[PDB]
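One chain follows as structure tokens, the form deposited in one PDB entry.
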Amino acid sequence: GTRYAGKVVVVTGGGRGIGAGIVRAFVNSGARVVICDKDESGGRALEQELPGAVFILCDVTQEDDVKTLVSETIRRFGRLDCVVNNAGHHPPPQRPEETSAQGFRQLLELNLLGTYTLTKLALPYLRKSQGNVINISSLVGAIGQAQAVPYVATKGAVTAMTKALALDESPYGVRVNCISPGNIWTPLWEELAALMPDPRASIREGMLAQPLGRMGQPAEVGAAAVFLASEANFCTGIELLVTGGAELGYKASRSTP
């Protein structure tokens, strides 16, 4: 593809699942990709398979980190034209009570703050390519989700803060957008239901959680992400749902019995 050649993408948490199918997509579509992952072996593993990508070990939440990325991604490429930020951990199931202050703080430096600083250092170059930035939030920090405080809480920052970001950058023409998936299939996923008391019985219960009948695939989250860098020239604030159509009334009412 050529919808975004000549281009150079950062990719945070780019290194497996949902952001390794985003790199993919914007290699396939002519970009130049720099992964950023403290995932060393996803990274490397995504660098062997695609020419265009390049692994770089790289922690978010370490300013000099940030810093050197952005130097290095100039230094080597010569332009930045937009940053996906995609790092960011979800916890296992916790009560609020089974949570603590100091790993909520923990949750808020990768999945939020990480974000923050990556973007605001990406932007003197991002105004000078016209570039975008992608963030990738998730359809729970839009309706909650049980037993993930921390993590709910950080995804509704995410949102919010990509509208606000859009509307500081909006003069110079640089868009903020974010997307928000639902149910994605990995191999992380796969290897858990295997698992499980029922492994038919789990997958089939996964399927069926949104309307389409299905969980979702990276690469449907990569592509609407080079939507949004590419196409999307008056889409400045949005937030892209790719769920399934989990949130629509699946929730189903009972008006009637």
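Each form is matched to the other, and the largest set of C-alpha atoms that superpose within 1.5 Å is called the rigid core. Numbering follows the first chain given and starts at 1. What changes on going to the form deposited in another entry:
- Taking the core as reference between the two forms, the lone member of 193, 232, 50, 219 whose Cα moves by 2 Å or more is 193.
- For residue 62, the Cα coordinates differ by under 2 angstroms between the two forms after the core has been superposed.
- Put the two forms on the same core and the Cα of residue 206 is off by 2 Å or more between the two forms.
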Given for the second form:
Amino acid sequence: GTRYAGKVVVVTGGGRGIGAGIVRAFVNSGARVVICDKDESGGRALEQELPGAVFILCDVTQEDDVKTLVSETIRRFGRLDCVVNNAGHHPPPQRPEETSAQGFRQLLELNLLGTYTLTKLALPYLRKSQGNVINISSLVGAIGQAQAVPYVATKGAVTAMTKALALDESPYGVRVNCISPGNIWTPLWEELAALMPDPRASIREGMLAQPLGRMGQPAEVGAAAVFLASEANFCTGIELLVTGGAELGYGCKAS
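Switching forms now, from the form deposited in one PDB entry to the form deposited in another entry, please provide the structure.
The next block holds one chain only.
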């Protein structure tokens, strides 16, 4: 309740799954948390549950929404210490032939340009506070993934952008890092699995993709974020892997 006391944190896509885990972690650290999500229901239930938290309806692809989010934050709490860019969408599995450019553009809006926009607008305030930026990328940005060309591209862009921005903002004492989760068990993961012919088999396959033999927890991503914000003071431009070793060793990559 004291590790990030007196700090103000914005978590986008914060209403459920990974975002919610991050939100909870930060609230437990004693931080004030602004839950930013386009979905009313999720973030509003979460704001009721957690007094350390406040829900602001916001679509990060809409610049005015982002502009308002930032102004509201400063207006209500007078400072901004951490921006966690977690807003993002994993599409269902799609072969490259069955992707479109329009779909790819849309996914870049959702996964990359929202991050860009909030970060740009937040940065003046993060300089004043010597705050920090945490982007939620994905392991698949680094190693790839089958049937996810657009998604993988968007997350490689996020991880790369993180490094560029780290370099630009280091003169101002603003650290910029990313977390790259692997397979994290969320309702999202579950809806996707439900689309498969044998969803149970697909969930198993997902568990066994980690040497640890399980998938990760939103709380575990949340812990990593609180660490990056509150104690990783000589870390900038790093990619913190929360994957259960899924990138390690030989596996089953063909059939």
